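4 protein chains.
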Amino acid sequence: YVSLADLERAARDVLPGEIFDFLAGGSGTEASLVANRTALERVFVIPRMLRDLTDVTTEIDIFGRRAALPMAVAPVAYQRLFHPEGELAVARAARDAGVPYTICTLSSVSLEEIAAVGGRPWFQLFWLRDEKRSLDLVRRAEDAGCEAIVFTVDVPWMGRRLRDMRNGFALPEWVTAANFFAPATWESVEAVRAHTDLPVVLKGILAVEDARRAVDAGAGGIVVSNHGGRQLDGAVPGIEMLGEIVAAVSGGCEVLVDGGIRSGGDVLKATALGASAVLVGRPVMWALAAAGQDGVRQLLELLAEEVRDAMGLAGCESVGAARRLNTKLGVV
Amino acid sequence: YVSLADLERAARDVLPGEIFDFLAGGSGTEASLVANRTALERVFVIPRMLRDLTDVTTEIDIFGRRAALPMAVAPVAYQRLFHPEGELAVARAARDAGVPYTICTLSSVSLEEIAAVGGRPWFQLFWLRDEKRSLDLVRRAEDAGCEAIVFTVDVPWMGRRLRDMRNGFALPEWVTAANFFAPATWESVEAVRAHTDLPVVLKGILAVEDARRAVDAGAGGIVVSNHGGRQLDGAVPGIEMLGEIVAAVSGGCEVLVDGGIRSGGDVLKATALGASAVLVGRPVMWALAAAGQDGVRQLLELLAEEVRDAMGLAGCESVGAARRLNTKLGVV
Amino acid sequence: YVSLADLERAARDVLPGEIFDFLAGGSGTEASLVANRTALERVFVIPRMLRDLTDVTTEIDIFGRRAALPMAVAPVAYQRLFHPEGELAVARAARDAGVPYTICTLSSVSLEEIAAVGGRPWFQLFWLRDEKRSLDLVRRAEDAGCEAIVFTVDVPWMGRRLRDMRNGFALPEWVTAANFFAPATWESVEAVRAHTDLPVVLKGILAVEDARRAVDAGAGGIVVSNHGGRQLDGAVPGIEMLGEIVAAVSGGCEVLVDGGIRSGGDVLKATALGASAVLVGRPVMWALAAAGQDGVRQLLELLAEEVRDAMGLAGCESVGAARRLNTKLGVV
Amino acid sequence: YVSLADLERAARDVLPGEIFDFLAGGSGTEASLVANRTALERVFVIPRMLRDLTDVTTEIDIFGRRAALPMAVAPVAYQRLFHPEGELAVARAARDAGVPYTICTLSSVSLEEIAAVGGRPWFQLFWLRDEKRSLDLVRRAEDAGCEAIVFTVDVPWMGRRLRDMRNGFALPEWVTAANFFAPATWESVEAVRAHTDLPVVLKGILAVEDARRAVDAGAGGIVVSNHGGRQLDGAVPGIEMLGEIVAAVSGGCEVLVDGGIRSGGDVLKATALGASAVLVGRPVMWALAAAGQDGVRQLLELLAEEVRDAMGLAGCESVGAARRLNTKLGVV
Ligand SMILES: Cc1cc2cc3c(=O)[nH]c(=O)nc-3n(C[C@H](O)[C@H](O)[C@H](O)COP(=O)(O)O)c2cc1C
Ligand SMILES: Cc1cc2cc3c(=O)[nH]c(=O)nc-3n(C[C@H](O)[C@H](O)[C@H](O)COP(=O)(O)O)c2cc1C
Ligand SMILES: Cc1cc2cc3c(=O)[nH]c(=O)nc-3n(C[C@H](O)[C@H](O)[C@H](O)COP(=O)(O)O)c2cc1C
Ligand SMILES: Cc1cc2cc3c(=O)[nH]c(=O)nc-3n(C[C@H](O)[C@H](O)[C@H](O)COP(=O)(O)O)c2cc1C
Ligand SMILES: O=C(O)C(=O)Cc1ccccc1
Ligand SMILES: O=C(O)C(=O)Cc1ccccc1
Ligand SMILES: O=C(O)C(=O)Cc1ccccc1
Ligand SMILES: O=C(O)C(=O)Cc1ccccc1
Ligand SMILES: [Mg+2]
Ligand SMILES: [Mg+2]
Ligand SMILES: [Mg+2]
Ligand SMILES: [Mg+2]
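Chains as they are written, first to last, in full-length UniProt numbering: chain C, 3 to 182, 206 to 357; chain V, 3 to 182, 206 to 357; chain U, 3 to 182, 206 to 357; chain H, 3 to 182, 206 to 357.
Since the hints were made in silico from the structure, they are not lab data.
Heads up, simulated BS3-like pairs for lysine-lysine below, C-alpha to C-alpha not over 27 Å straight-line: (1) H:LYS353 x V:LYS353; (2) C:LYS353 x H:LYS353; (3) V:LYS353 x C:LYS353; (4) C:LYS353 x U:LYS353.
Selected chain U positions facing chain H (Cβ under 10 Å, derived; list incomplete): (5) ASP156; (6) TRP159; (7) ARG168; (8) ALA232.
Each residue gets a CB set at the ideal place from its N, CA and C atoms; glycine is no exception.
Could you build all of it, start to finish, from the sequences and the hints given here?
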């Protein structure tokens, strides 16, 4: 594999069509799914030259701990759909690569099993109808050693997945929600923040004033995201709001972004627009589908090489230097 | 049907080619027909998160009465071209869905028959050569219980419909103007406004100063519209003028928009740009062609679900909240 | 024929490929040829409604005389390439339509023969190496009753016509320059202006300061033009400079535009951007090729209908009103 | 050959696929390779008319000596890949055309042999791990009569050439680095500047502040360049930074540009955006592949004719006049 696109081709070959569609699809007309890629392709970096690259490092510190790359594995539900080892294969490879892994509320292996793999597990929360049950799930994650609560805030309900409707897609009997819903509000965020000392990261923020309110609410971070184009069809790409959100946040929390990251150059673009780190979703599942744990390892090694390559070519010895790069929008 | 595009495919299958072309076509090179869709596809919404969605409602009040959605059926002439029940099938489904139905001056069933279906009938006026006859038509509509006069102001004459010319299209002998023309001016508007206590809504306004003059003239509303691309070829899309017109009108009348609405997300976009409500034309006829009254019912149920979905995903419990959403233009 | 594009198809059928290429082609990569069309397609008009259209007229006054439309036939050399009657067929149809006809320096029928057709003949000048010969040609045109001298200023030499080079195209022995070259300068303009009381119109101006200098030099008009994409490849379209040039000229001369006019709507766009009138080149030759004099008559009747249609749909009873229309750029 | 694109077709016919790919390819997704062409195609020139063209000249003075065109042959490694005479064929043709030739550090014929051809040889430096060896290479070039040191500053290492990886491309045994690496820094630039009285030209500058620092560092020139899209994938095109860099440099050094020059019109565009001169890479190798020395001669004669044509059509008797042209961005 010499690009993440190689892995997409390999996963399309192996997966059943309706499972590939569950993974690849977005909501509605897929306008936001496509725009996530359009937006990154319009960004060009202005690289710097002639800087010291003696000790180029892609490492970052986030939520108190070192990560090997400015990247984490996005929460993607039901990973046993893609490979029999599911979440355990992905979490093992992430651990070995030094990348945080976000455990899903709708994981097909229990959160305690996945946390026992080790590494840096985060936990993605969906709000349950029942504050008490929601908080018990947060407490389970904390007791199991997860380091952050990634509270998904853009799913009052699931978007309209027209591929799934047309395919009549349903979970196989052999895939279940191994950890076993209502719209979340700012009151739900406060209940979580009061229940845990872990950093609470709000995933799915796109409006500048919601990013400011997230800091005011005590969030340790946000993920600027349109949920990979799977929720509101026509939601702006996170990448297009990132710069304005980073300016409004004034360092008050970590600002991550996701949606459409398909290379180390895309990581560099996100960093140059001000992201602390990115999440990567579909490509990790492609690698899982194509070759299990070893596939995910290869993907993360390829992404690490691409990130190091892009940083050094752009004159950046550290991720902080990359955040100080300027960019210019082009036409594609 | 899981999208309005499903219905377009179904109507193309059933209708004779020249009737599909009469419905689908625009004037000239169809630049404005295409631009109506281009414009909506360039708009992206910035959704809000974590708001109370306990009681999401798509209802609005307009011209004194409640409507179930921020939408009405646009005036489309000669609906018996598309289905034997024509206007009665559409008006029955609109009534049952809680959506106003605009009766045409060139309806193929008389306006009194269509008004007798019930619901919320509006009446679309074309100016007749003869003030007295024009006003008698307004009086008929009022006597029959129509709630608003939608005065079409962008047809001094019909545009150049090159599909119709190339097809040699003419009305079948079995379709007639069952209610049975000169360019309208501001004097014509004043004559209508003085003749009726119903709100007069000027349909086909695109210039900001014409929107201001409409308020000064006593209009209760305007429809920002290029007539679905069927009149001036190269007229700007209504959606591209809507924000500037809403700012200039300062709440002085209702501001509707039409042209290219093909989903509940498109309704959300129009609302976010400031529209009070939208009109929907061609998709309603697709549903009529495909399956008569039941087809139109299914279309309106699908649109209601899409509007509720898009509003809630965007953090909006009411249409007023949706009007306060911000937007960002993209590239497609 | 219901559009000018119908005539293009008819002319491609009848003409020999290398003559169609001589007519259709531009210089170099044809970037400016394509951009002339791209530019018009990006312009959208903001029409006005509810204005008095009792007496819509497409007439203009230019260089002291009435024309039936805001249009003249552009200078196109060697019209016998396209039809045996060549320039006489075109000039007869232009006369009958009330449209000025620009006689070429490189006409395949003598300028005195073409002027004898009547109508409103203008004369397009190329500067000869020899001031005295150039001025004698101007004097011939004046003696023959031409009403304006259209001095082409964008041909210090012919551009690189790669279609012609690849085709090995040369004039047939039966086509000659029936009136029988050096780069023109501002001194050449002054020599012409001093030699004739006819208005001198500089054709091929694109820079704002050249338009200002043209007024200072005593020009009666300019044609904002990149020579139909046939001279500098990569020259900006005239339509993209027109508004800035009209503002800089402050009414000091007539400002015409050409390049890519393919409909009455395009005429309206040019007028709305501030042009006094347009020139039309290739479409007139298409009509000549397809059907001789009668073809050109049909073209001009079609253009007259399209111009009247577009003006009235846009609320304009006169060309002056059309010049006061606003426009908005779109994406196509 | 009537365009540079003719030569590209001829070279694709003759070269082995993997050598054509080595020549044509870029890094990563080739976003910057494509954008180099997109950027030039978006630029339109505003030509001037009616200026004296008695003595049009394409000559420039650069680094103290006259060149026949505002162009030099870019450094392209291993030219024996394309033709058995390699660098000697290209340098002979460049000499005969009056164009400087940049000798590569990775030339397949020794720099002393190529300099002995005569003409105006420049020398492109890659920094060696070893200041002393780097400076000895600079001294060899100077001793052999090279006139400028073109220090490539955008290669801390080679970019990711996915065509080469997929092809398994390697140098044939019969091609070697006949002159026989570490990241360069500003200290490396100072070591070169102190070692030679030749002008030092930094190639691969894209950031405005790096251009300013280059002047402060004593560079005699810079090449605004993304290395033909072969280094950072997603680096901005040089052409898009050129105007801002020329303004920041305030005449303090020569400002060249490269990437995607495919015609004399493209040379004119670069000049109008403020470049002192351009470099041309791939087209020179196409000509070498297609027909050896004579091919390169034909290419340079064609480019000279296109540059003279474009300059005169744009009203420019000198390259300095062309630099004073204005431009307008379009859509393509
Ligand atoms: C099949 C699939 C399931 C989920 C389930 C979840 C989820 O239960 N909770 C959550 O909070 N986000 C999810 N997501 C979004 C994900 O976390 C990233 O937001 C996007 O995948 C980023 O875009 P890509 O890198 O995929 O372009 C999903 C994405 C995909 C493709
Ligand atoms: C076949 C057809 C006939 C009519 C006849 C009329 C009419 O006698 N009076 C009027 O005032 N508007 C009309 N219209 C325009 C309509 O009311 C809406 O302006 C557009 O259909 C909105 O765009 P879509 O939703 O169709 O894109 C028509 C639209 C179509 C397609
Ligand atoms: C075959 C052909 C010959 C000539 C010869 C001349 C000419 O001897 N003198 C002149 O001054 N302009 C010319 N022109 C340009 C013309 O006058 C108009 O500038 C463009 O045709 C406007 O663009 P279209 O309407 O064609 O798009 C020509 C255009 C075409 C196509
Ligand atoms: C096969 C190939 C090898 C080299 C090797 C070098 C090099 O050892 N040192 C250097 O400093 N630049 C190089 N370059 C870049 C070149 O000098 C110009 O920057 C681009 O070719 C300009 O773009 P095009 O004119 O090609 O679009 C190369 C370009 C090509 C195509
Ligand atoms: O991504 C999916 O569809 C899932 O299976 C989990 C889920 C469910 C509803 C909304 C978002 C994610
Ligand atoms: O839409 C049409 O073509 C109609 O049948 C009614 C009509 C007629 C003329 C202009 C606008 C609408
Ligand atoms: O258009 C042409 O090519 C002609 O035949 C006349 C001409 C010649 C040179 C430049 C412009 C027009
Ligand atoms: O262009 C190439 O790939 C070369 O052969 C020389 C080279 C090597 C590494 C970076 C830039 C140029
Ligand atoms: Mg991503
Ligand atoms: Mg609509
Ligand atoms: Mg024209
Ligand atoms: Mg180049």
